[PDB]
Every structure is written in structure tokens, then in C-alpha cells.
Amino acid sequence: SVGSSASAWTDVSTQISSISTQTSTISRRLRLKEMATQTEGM
Amino acid sequence: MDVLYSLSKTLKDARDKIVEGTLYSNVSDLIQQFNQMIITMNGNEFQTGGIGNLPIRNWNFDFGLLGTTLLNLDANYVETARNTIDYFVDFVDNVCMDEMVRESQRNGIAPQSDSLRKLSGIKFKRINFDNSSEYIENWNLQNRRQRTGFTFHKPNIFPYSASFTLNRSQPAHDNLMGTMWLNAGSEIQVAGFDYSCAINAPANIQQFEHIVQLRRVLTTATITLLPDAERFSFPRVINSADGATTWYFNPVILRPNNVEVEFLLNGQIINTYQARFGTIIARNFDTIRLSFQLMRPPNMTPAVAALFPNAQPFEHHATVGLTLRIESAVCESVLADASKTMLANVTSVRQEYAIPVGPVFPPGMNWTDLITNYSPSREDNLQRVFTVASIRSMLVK
Amino acid sequence: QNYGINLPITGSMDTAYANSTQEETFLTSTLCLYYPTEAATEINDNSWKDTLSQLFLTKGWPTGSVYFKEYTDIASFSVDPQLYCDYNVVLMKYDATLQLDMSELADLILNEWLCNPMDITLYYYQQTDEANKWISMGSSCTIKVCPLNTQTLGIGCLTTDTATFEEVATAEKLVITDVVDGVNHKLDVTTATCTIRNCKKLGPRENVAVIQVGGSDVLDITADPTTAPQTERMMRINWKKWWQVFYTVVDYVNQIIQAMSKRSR
Amino acid sequence: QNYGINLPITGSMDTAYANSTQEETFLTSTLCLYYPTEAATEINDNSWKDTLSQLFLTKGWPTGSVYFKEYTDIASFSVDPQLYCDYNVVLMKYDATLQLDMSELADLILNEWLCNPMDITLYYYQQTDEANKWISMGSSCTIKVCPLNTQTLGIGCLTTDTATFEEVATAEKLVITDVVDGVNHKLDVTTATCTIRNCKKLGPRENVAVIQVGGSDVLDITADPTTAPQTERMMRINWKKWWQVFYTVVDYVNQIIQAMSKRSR
Amino acid sequence: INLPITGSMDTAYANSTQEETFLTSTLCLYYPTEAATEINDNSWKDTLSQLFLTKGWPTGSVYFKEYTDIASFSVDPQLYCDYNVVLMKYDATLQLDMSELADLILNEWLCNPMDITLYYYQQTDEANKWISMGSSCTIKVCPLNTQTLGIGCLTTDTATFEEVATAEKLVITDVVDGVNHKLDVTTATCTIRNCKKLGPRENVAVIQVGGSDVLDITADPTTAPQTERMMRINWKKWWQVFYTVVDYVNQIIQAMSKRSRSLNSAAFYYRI
Ligand SMILES: *[C@@H]1O[C@H](CO)[C@@H](O)[C@H](O)[C@H]1NC(C)=O
Ligand SMILES: *[C@@H]1O[C@H](CO)[C@@H](O)[C@H](O)[C@H]1NC(C)=O
Ligand SMILES: *[C@@H]1O[C@H](CO)[C@@H](O)[C@H](O)[C@H]1NC(C)=O
Ligand SMILES: [Ca+2]
Ligand SMILES: [Ca+2]
Ligand SMILES: [Ca+2]
Ligand SMILES: [Ca+2]
Ligand SMILES: [Ca+2]
Ligand SMILES: [Ca+2]
Ligand SMILES: [Ca+2]
Ligand SMILES: [Ca+2]
Ligand SMILES: [Ca+2]
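Residue numbers (the deposited numbering), protein chains in the order written: chain 3, 583 to 598, 606 to 631; chain L, 1 to 397; chain l, 51 to 315; chain k, 51 to 315; chain m, 55 to 326.
Mixed in with the good hints, there may be bad ones.
[Stated by the list, open to error] Chain m regions said to be covered by chain l (calculated; three or more residues, Cβ under 8 Å):
no. : segment
1   : 103 to 114
2   : 134 to 140
3   : 315 to 324
None of these hints come from the bench; they were simulated from the model.
Ideal placement from N, C-alpha and C gives every residue a C-beta, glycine not left out.
All chains, please: the whole structure from these sequences, using the hints.
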């Protein structure tokens, strides 16, 4: 859990820079945020 | 900044020297300096705070001098001095706490915490008493460019790096050649490992070399070099490069033969130690090259011959280690140690008053990511905050 | 994507353990069992293959990834074993009369050999290092060797009278010959029936797993008589039936695939 | 004195070593040997039990703490072995034709099992982990098992035509059956002469000590063909008589009881 | 290894690896029975070895492996050596056979087997072909549509299929890439495998002992390449041929290069 507490949006896994990896892994779920309506833009 | 150090030094010497019963012949000069400070201060309004949880305090200085009428001191003098000193003291502490939490990539040396800017003027220059401290002496020097140096005990110049390098590998990780290393703080524990014990190599010898490139030069370093690195010398289950699979490591230690430790500078060698263990010196060095070997024992008793067969299984893995601790050193730049608390003061002030990350220092001021990229901006800002932290710790430890 | 080079690798100790590759390699790979005709005989069921495939289906392997490949006898399998899969399991019966044969089979399939050809008629060969051996296959091999001295003459044998030679093999389907490394040898071999290759032993083949269904561990993979090792992919079992053996394999296949690792070559 | 509960137990590394439990455990404990009829036959004596007891008395074991319990055969012993003593020792002959039976015996006595009952005619059962086996005792057990698919139908067998089932036991007195863990098996057993129990293997039984009197250590306690362990209380002797075996047991009794530990249950 | 390489241009050329690759490698000639017959000698192999021994190749490094004919060789060529030279004659009837032999040995293939009676296969890219070996492979193909029905063929009547190969020991079939085909094959004699072409096999070297350069390695009729290890000689005897080979072997081995992929005794990789 890269964060305050455990959040499924912030659970890095399947890692086959550390911060770069964490950011990419967290960004691979914002594609789901997009079709989950928690966005603001285009 | 020099006037701030002078404020702190004279307030300290006032809290110390100006005590009941003492003699005016010991505090005449300090009383004149205190009175001059009060004169040069009276008539100015300072503001401190406005970032994070720091509260916006206002300082208005209207104080009175000290009458040079006595020979010995009495409580009616000491109490006046103390009720004039506590105000200046908490003022300096709040100034320092407002100055440690500010950053800038553009002229970091140039002051922040605008009360301190106001103090950097020319109407305040009559407050200077003595710039005796190491940090402030080096500050004055660097301003009037000269060869400086901070003396460090067990400096934390190495960022934490624990990692391996495999020059011979397979998916099964059954016959490996490589080197593991842990560079932490002041210590380097390096260890080369061959699973064949150099049966296939020329003259039954396998080389290993570790190259550590510091970010800042050091000088007059005293170093303790020993064999048999302790943390890479017991069984282990290590991860692959890609973090998917794992592999086992059952080490058996041997001694480094033809060991060679070279302290270099700009690629030119400076110091070279061949087969000397224990305490050694390095007059100037930016790069360290530790080059050792694993030499198969030509004569083996049965107990050890049973561990190094001529076939691939290799259930015991020959290793060769080296521990290197930098005990003392002297650096033209500022770092952390195991002796001084300035870094702790700074990080504690920030973690207490909840400062947003600035454009220079990384989040939480993690020394690892702060010394991995020791940019000149970071160096200047770290020097400034360490200096004012020293100035604050001279009053409130 | 460089090939045919060895470059330094790097890593760290802060990386986290990734999710498991089992249940993905089980789909993107293949499994191949080798069983003896005795098992199919004792069983007498024409659907045991589909039964075992449907059982593997629970353990993860899909239906068209598992293969069963029969073999009449240890020697008839040792004759040119062409293993081409991603995870190979071999079942092997214990027979004191076949100790060396089924140890040579292990030393052949478990290890990875770099094999050049041999011209008995013309050349007189020698072994350079402790890992260059001469492996011969065929229906029945009869090998006879004669060492030579410094001046190309025999040592206890005559270069013309073949009978004087020393007999290392007698009617064997597979032979692995290690001779004194550093002296030129002449050979006589019935090349009509058998082919002999000069091979060099390399790192192990992590793709095959031998399972001795019977008596005590006798397999000496390494030819030096000091190691006598027992490896991870060298298993033993006690048996009175075969359905129980195959159920054991199916229930502990994940352990087998954990003890095995896909090839590097 | 809390039972049925597990708490932390603290300690330290400055404590000293207490007086030896030996020479008092020997007094307050009991030792039970399990020898074969072959030994009494080759001996042909009626006072040898008293002889060995008076010998043990020199090692400290009193005369009434030592018990002997003959067993006519490994199979008749595997039939409900009721080991109720504070230190059990067993002497086991070697027979390649009984390798798996005398390995199942070891896997049954060396280990501690939690055995729930089974009702074959009513229910269809499955395993859950690698330690949930089916142990069947009796005079002659003939077991057959048909796996089932998701829709409760047979896989290479018919739920009614019992002869299509797969026979994994043929008249064995003790059977340890491990099958695929994750499918429902329908069983056919001769429940008139054999009792079957769904038994889960807990931590081992430290109160027993097997001594293979003959050949190489073959016993594969653990089903999975990757461990092939050899515990501390699994010993081996080479023999030509039995008096030497018993004198050796006596002379090295202390080491045996050091290798054995009283039960935790 | 997916990691990158680096280098420089100021580094100097190292010494010659020739005169050591001979000592630590092997060579293998593949000649036709016609040569031995024309020669009518028994120690010509020892002669060539004692000749090679001057050019550097030691005694126990050279090998000569006979093949009765081009097709007999084409059926499962077992090349396992560190350097392979092949001498192949010219015959306008065997033109395509000895072009397919080239396409097979010169190049490295990754082969998966095929189950025809139970499945129906297709091609994907321009390098996935079907190679069939054996005594006589008589292949017929019927393309299908999305709904498993014939195009210009009837799935039942084998005699309506399109016969691409009639009594050929080695066939390399390329069909339209994208459609599903049904195949009729003489499985009792031939085995047919779906093989993807990898990079070239730099371990072999073909020598056309006769007529003009006709080998079309690449099946597309636009490239018609002429690779480095594809030589041509004109002959009236075989002794002159072997003497030419021996005298110009260093150039042959300079045009060849030891493999990179892996060790394997077959002429194609098998990965199920
Ligand atoms: C591995 O398990 C974790 C935890 O359940 C999960 O987040 C992750 O997605 C898994 N890996 C894959 C490849 O699904
Ligand atoms: C145990 O033996 C030691 C060593 O002789 C002795 O000091 C101690 O008193 C003994 N303990 C008892 C309970 O007798
Ligand atoms: C390369 O050739 C030069 C010239 O003959 C020689 O001096 C040198 O030693 C050679 N290199 C080696 C590694 O022997
Ligand atoms: Ca043999
Ligand atoms: Ca002789
Ligand atoms: Ca040898
Ligand atoms: Ca039994
Ligand atoms: Ca089970
Ligand atoms: Ca059946
Ligand atoms: Ca053809
Ligand atoms: Ca047609
Ligand atoms: Ca095509």
C-alpha cells in the first residue's frame, strides 16, 4: 500500500525506478477510473 | 545570518556569564555588546510565520539598557537581564524555525524568512560579536572564497544501496558469478561470489571489482578496511533482477588474495593499498575502486574438497568479502554524521509544522534521495538550513 | 535483444515479490509424461489418457497442453530419446540388471551435451577435460578401445589385431564411455548398428524430471566417483500399483514444475 | 494451566543449563520394543526377555519399565498398530516385495493422524490439501475409486458399473490412498473386512523409533516425490543375527531416547 | 539478452581469431556418392585431412559425410557440426528440390507439429510455411470459408482437392495467409510441420557444383537473393573441386559464422 492506508487503487503488483514503477502501476487503473466516472476532463 | 549567530552567541554568553554573585570585570564587554544589540534593535517591527502550521507572530522591541553601576551582580540585575533575554531567545528560535522551512532554486544562499532579510541589512551590522562556530566560519569563508572544511565523524555520504550484479547467470540460478554490495551511511560491505570456486577460470582465479563514485570529494579520511563482510556471509534467498523468481545463496567464505583498494580523483589515482588490512588513510578521493579475487585453494583437505566438485550442482558457493568503514573525514561541503543533530532538528521542525514539499528538498527530506542527486541548489539550501539549525540548537537544544 | 553475448546484469533488494507465474505458465507451456507399457498393461483402460487430462484440468493445465508418450523399455527409450516439450516427466523402473543403463539414461537426459561426430576409421581421439565423454547409441553396440603411447603404438593392444583391444561395452543399446583424459585412443565399433558421438557435458537440462518408481537411489549422474549427487529433479517413489502413481504425479505436479525450470538454450 | 489455548512463551539467553533429565526420565518412563517372530525363532530361548531387562538395568531402565511385544509379520502389525507406551522402538525387516507396505507402516506410526470416519455407500468425498489421505486397515482391502466431474458424473468410469472403477489396491492389509485434491471420488471397498478413515496428517509422532534391520534406507514417508526425507528416528542396521541387534539397541539406548521426544498431545 | 551493448571507435582491431577457431572448431563436408565413385579410392579422406592440416584445421576436426542423393539428404538433414559445407549438383529437374533444401538448411525454423484429421490450420504471416518430409509426400489442400465449406473443392471427395505436391520427398508449402485450409496427406510415410522462419543459419554453406545460380531462398518472387554462404563452381572432375574447397576454405569460414540461438542437432527447432 503506497499511501496512507490500504487502497485497491494503490496496490502495486506484477513488477516483472521504484517511483516510476509505482506511478505506472497506479496509472494503469485510472483507465478504469475513466469508465468509472471519477474523472473531470476529455 | 552572521548577525543571527551573533545574537545567539551573546544571548548564550548572557544566560551563562550573567549570573548572581559574579563580577562586572568578567561581563563588562558582554554588557556593552548586549546594550549595543538592544540599541540597534529598538525601533524595528518583525514578522515571523505564514507557512504550514507556523503561526504569524509579531516582534516589537522596546527594551532598556543595563546600568554599569555595580561591581558584583545581584538578582535585581540578573532578573532584568533574563526578562530581556527570553524575548530575544524565543524570537531567534521562531526566526530559525521560519528559515529552516523555506527553499529556492534561485540564490538559495540569499536569505528567506524576510525578517532575516531585514536583519541582513547594513543598519544591523553593528551586532556582530564573534563568528566562532565551525558552520558560520565556513559560511564566512565561502563568502570570502577560501578552502573550507567540515570535520565529520562517520559521515553519511553513501546513499543506501543494496544490490547485486551477475556477470554469469541462468534461469535456474545454479552456477553464478557476481558481486553483491551494501553501501549504507559510512560503511561499504561488498562480496564477490562464484559458485564454481574458479575451477574453469585461468589459473583458478576469478576477479571482482566494485567502483563507488561519491558525489562530493572528501579529504583526510580515516578508514577501517577488513575482510569477510558480515551481512553477505550467511544463507540467503535473493530475488531475481526482474523481481519475479528467487534463488538461493549458501556462502562459504575465503580470503581475498591480491586485494587492491584504490582511492582515485578525477580518474587519476591518488592512494593505493595492496594487501593491507585494518586502519588506512586517504588524503583526497572522489572514487573508490575495490578489486579482489577468488583463488581456488590448490591444496584442499577432504572436508573442503567435498564442497567444490568439478560438476554443476555447487551446493556451496565460494565468496570473498570486504568491509570498509569511513570513521572520520573532512569535506568541503555539508553532510550528516553520527555526532551532530542539525539534520534531525531540520527534519523535525518540518515534520512538526507540516511544511509542504518545496521545489528543492525531496519529500520527508529522505537523506538517500537527497544525497543521490546533490545538486548545487540542494547543497546551498542544506548548508543554509544546517547553519541556522546550529544557531537554534545553541539556544534550545 | 542481443543474442550470443554475455552482458552484466543488475538488480536490487527493494523490489517486491511479483504474483505467481503458475496458472499462466500452465496455460502458455506444455507437459509431456513418459510411462512404461507395463502401466497400460496393468490398467487395460482406453480412456485413462483423457481421464488424466481432465484431472490436470483442475490443477490448471488445459486439455491440449498435456501429452502421454509411451516407451516399451528403458533401453528402447535410451535409443535416440528425442525430448521436445516445455516440461518433461519420465517414469523409470528399478532393475539391478539395468542400474548402469538407467543411470546413463539419467546422465544423458538430465544434462545438456554439446555433441560433435566421430570418424573411427581415420582418426585417433582423446579426451581433453573431465567432461568430454563418448556416448554411443543404437540397437546393439560393441566398443573396443586401445590407448596409444607417445609414438603412436599400442599399450597392451595391437593396432592390427583388434581382438587385443579392451572391451568396455558388450551388446549395449546406450553406452557412455569415459577413458583416461590425455592419451590418444583407437576404437573399433560396429558402426553399422551404432553411432558414437564425442560430447562435452554442460550445465544441467532443467526441463526433464526423472522419477524412480522402485528401489533405493542408485543413479550416479556424475562420472567422478566422489560426488554421487541426488538432484532436485531426481525423484523416488515406492509402488504396488500405477493408478496411485499417476494420481500422485497429478496431485504433486506443481511441486514437480517448481523443481523444474524451462530451458536456457 | 490453560488447556486448548496457545500463548507466547518468553525466555532469555542468560539462563543456565539445568540438571540432566536422564537418569530420572529412565526411571519414570517406559520403553516398549516391537520385534518380529523371526527373532524369537532364531533365538530359541524363553528367558531372553528377562536377560535384556537385566541388561537395560545397567543402562538405568528398571525391570518393570521395559516391555516386549512380538509381531508375527509387518502386515499383521500394520493392521491396527496400537502403540501405547512412553517410548516405542520398532525393528523392521527389509523386503523389496514389501517396500511400500513397510513405508506405509512408517508413514502411519512415525506421524500423528486425525482420523474422521467415512460412509462410502452414502456420501462422495474429496481431499482438500496435501495431507488429507485415506487410510484403510483390515485383513484384505480391495479399493476402487472413480473421479467425478462438476456435474456429478464419472470420468472414465460409470457410477453404477463398479467394474469400470480404477483398482488402486489389491488385497492389502494397510493402504494409504492419496488422490487428486479438488475432485469428488466415489469409492468401492470391501467394508466387511476393512475399515477406511479420512485421516489428516498433523505434526509428527515423536514417541516412536523405527530401525530398519536390513537394506538401504528406502522409506519415503512423505507422499510428495520431492522431499524423500530421513528423520532422526529412522535408523538403519546391517545384520546377520538378532542377539547382536538387541545388544546394539541396549548399548545405544540413550542415543535412541535422545532421538525420541515425548508426545505433545 | 534484452540489455543493450555499447562500444567506441578508438578501440583497436584485435589479433586474428582464425588459426584458433580451426583448433577449437570442427568442419563437416557433405558430398555426393558420385564423387567417391568417380574417385575410386579409399584414403582420399585421410589425404584431405593431411592437406587441411597445412591450412590449420587439425586431424580430428574435419569430417566427411556421404549422402546418396539430394532428396535422400533433404529427408531430415542431421547437420550437427560447428561448420557445415555442402556440395550440391545441378539438375533442372531437381531445381526446386535443391532450392527447398537451401531454404531449409540455410535458414533456422521453429516448427510445431500438425494433427490433420482432428484440426484445420492456417497461415499467419509471410514466414509461416508447412514443411513435409518423408519417402513420398503427396499433399492436397482445400481452402475453406468462415462456415467450414469448400472453395472450389468438396470436403468429402479427396479427388477434388488441389494437389500442390505429387510424390516429393521434401515439400515447403506456402498457401494464402489468412484462410483456413483442410489437408490430405500420406501420414503413414510423411510428417508435416507448421514452421516459422527465424533468422538465417550462419553455420552452413551451400556450393552449387554446376550451372547458374537458380536458388530462390525467399519464397516471395521479388527478392531473389544471393547470400554470402552460397557459392558456385564449374566442374569436370571432383578432385579439382575438393582442392578448390581446401585452398579457399578460409574464405568459406569467413563467410560463415557460428550460430547464436542454441545448441541443437536438428536442422530446425522443435517447440511443440
Ligand atoms: C497478484 O495478486 C494481487 C493480490 O491479489 C493482485 O492485485 C494482482 O493483480 C495479481 N497479479 C495479477 C497478474 O493478476
Ligand atoms: C545437576 O548436576 C550439576 C552438576 O554436577 C549439579 O551442580 C546440580 O546440583 C545437579 N542438580 C540436581 C538437582 O541435583
Ligand atoms: C598480436 O600480434 C602482434 C604482432 O604479431 C603481437 O605482437 C601480439 O602479441 C599479438 N597479440 C597477442 C595477444 O598475442
Ligand atoms: Ca549401457
Ligand atoms: Ca589387451
Ligand atoms: Ca574423462
Ligand atoms: Ca500396503
Ligand atoms: Ca492428496
Ligand atoms: Ca475405467
Ligand atoms: Ca520438393
Ligand atoms: Ca477442385
Ligand atoms: Ca504464406
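Okay, the hints, checked on the actual structure:
| no. | hint | in the structure |
| --- | --- | --- |
| 1 | 103 to 114 | holds (count 3) |
| 2 | 134 to 140 | holds (count 3) |
| 3 | 315 to 324 | holds (count 6) |
Violated hints are absent here; each numbered hint is respected by the structure.
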